[PDB]
Structures are given as C-alpha cells and as structure tokens.
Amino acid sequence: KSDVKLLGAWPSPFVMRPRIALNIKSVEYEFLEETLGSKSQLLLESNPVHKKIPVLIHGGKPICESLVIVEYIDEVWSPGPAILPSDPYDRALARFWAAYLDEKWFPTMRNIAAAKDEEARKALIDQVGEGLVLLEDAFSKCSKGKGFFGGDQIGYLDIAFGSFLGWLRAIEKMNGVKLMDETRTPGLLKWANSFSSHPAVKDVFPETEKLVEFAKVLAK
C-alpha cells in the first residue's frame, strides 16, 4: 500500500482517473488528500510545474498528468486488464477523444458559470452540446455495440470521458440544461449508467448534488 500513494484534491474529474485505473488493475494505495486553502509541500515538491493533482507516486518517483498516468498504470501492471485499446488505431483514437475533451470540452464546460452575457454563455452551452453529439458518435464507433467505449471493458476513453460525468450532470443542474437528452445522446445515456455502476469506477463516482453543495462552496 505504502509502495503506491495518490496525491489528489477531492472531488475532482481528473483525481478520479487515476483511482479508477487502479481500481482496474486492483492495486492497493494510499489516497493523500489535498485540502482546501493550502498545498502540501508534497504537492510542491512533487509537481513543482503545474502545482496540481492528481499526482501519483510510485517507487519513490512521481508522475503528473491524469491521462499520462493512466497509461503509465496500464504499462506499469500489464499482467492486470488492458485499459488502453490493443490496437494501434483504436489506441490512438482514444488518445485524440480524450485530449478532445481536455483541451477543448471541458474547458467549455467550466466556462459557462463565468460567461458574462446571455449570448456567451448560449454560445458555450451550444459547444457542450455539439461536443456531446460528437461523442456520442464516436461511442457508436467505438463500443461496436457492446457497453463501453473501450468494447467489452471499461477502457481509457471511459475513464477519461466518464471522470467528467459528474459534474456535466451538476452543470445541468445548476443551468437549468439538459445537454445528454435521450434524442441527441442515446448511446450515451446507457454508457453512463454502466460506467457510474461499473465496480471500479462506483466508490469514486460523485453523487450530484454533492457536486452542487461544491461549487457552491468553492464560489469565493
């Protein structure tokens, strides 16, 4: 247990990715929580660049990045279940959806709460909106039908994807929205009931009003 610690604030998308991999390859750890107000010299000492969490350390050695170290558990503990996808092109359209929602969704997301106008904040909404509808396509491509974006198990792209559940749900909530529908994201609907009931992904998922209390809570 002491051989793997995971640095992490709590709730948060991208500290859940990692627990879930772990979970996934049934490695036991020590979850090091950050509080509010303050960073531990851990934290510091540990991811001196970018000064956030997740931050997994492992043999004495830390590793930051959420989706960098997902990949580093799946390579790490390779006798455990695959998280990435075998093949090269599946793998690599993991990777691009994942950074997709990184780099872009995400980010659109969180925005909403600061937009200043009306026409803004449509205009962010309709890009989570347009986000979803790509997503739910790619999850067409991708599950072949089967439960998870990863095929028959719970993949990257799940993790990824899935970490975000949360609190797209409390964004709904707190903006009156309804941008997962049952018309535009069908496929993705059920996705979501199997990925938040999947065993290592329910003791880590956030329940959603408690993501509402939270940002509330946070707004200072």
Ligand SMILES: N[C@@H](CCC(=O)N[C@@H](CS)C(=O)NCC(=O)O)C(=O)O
The other form holds:
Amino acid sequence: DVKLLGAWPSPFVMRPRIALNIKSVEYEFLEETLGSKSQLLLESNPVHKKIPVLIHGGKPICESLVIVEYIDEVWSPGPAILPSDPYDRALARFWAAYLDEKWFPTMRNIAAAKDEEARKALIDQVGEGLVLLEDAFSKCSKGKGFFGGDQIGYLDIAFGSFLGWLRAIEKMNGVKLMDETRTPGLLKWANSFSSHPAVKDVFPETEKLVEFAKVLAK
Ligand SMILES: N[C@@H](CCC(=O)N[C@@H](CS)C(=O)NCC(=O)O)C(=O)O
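If the structure you just shared is the form deposited without the ligand, then what does the corresponding form solved in complex with the ligand look like?
Below is the entire complex, every chain and molecule, led by the chain shown above.
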C-alpha cells in the first residue's frame, strides 16, 4: 500500500525508510539503477525526477524531509518523529535545512576539489559544521542519546542519514571528521544511530559506499 522509490546508497532514501520503520509501516522498495530512470519516477516525480519518492494510495510524495513529516502525520498513533514543542520542532527543521543546503553539498563537493587546499577548506567547514551540530546535540538531547531525546527523532533521521557517506568520505581522504575532543557526543551518537533497530537494516556499509563512490568516479 506504500511504495518507496529510491536506491540503496542515497542518504535521502534512508530518510523516508527509517521513518517507515518507526511507525512500523511496511512498504515496497522500488530500486532504481544507476544512470537510468524508471518510468515510474519520471511519471511520479516529474518536476525533479529525483529519488526518493513515496507512493501512498496511488499518490506520490517528494522531497525526503517532506515525506518524513508526512509520514509522521499519516501515522500519528505510533512513535512521533518530529519534536512536540513548537520551538523545539523549529530547531530540528533549521538544522535539517542547514545540513541539506550547506553541510552536505560542502562535504560532497570535496571529491571534486583539486588543490590540496580547497580540499582543506571544504574539510574545514565540514568541521565547523560538525562542531555546531555537536553543540545543537547538547541542547537538543538533554543528556539523552538522540536529537529527539530518549528515542530516535526527526533530526536524528536527517543528520544520521549521512553517516554511511561521511564514514565513507573519511576513509577515501585519510581524515576523521569526528573525534573524542571536539565532537564526543556525536561520536557516541553516530554509533547509537547506525545501530538503532529502525536503521540497522537500512544503513549502507561504508565499504559498499566506497565502491559506489569509486564508481560514481566516471
Ligand atoms: N533533495 C532531494 C534529493 C536529492 C538528490 O539529489 N537525490 C538523488 C540521490 S543522491 C537523486 O535523486 N538522483 C537522481 C536520480 O537518479 O534520479 C531530497 O531531499 O529529497
């Protein structure tokens, strides 16, 4: 009754997936294949032609974050994904928004860098980006293990959905962007997320993510 269109290595595809595992909503996973586009996609998401795409009642929903909020709402009876306080809720959205427009582009844009400089510059920001989210974690979690708190939340999805890749870009660049000193909470959090039940069977393997990068090469 629920169809999801994405691919094993898209962190955006992980977003509507985790959320579905939180509500216990089952779904059909319509894989896409590199370099091509299924007609069901070109059909269902004609504006961006991007994955993921949620299909619910014969209807399509687009933009991973919006799908997550829709999922939180259609299945309100289960564990709530977004926070509950109007302000707390707005915080999660600010950071998700920030992560999507600046943090991730910056971190992906690395590979494209060239002089070992720009490379550093990017990596530098990726660091500054983490120090903050380590700060946001500090208030957001109140000594609990997730942005959401005791349990997995909206901000854990958005930001956690990138761990496989960040773990992968680390390896392929001989750099560790999280460390005991500067982000000791996230280091701990990044391993209480990629192990969470709603994540552990939808989280890609760093290595597999590394073959795929080495493949997106050309
Ligand atoms: N920003 C979109 C997804 C961003 C995006 O670029 N998605 C990629 C996956 S990494 C995609 O759809 N690629 C093109 C395709 O093959 O359809 C969202 O937040 O839902």
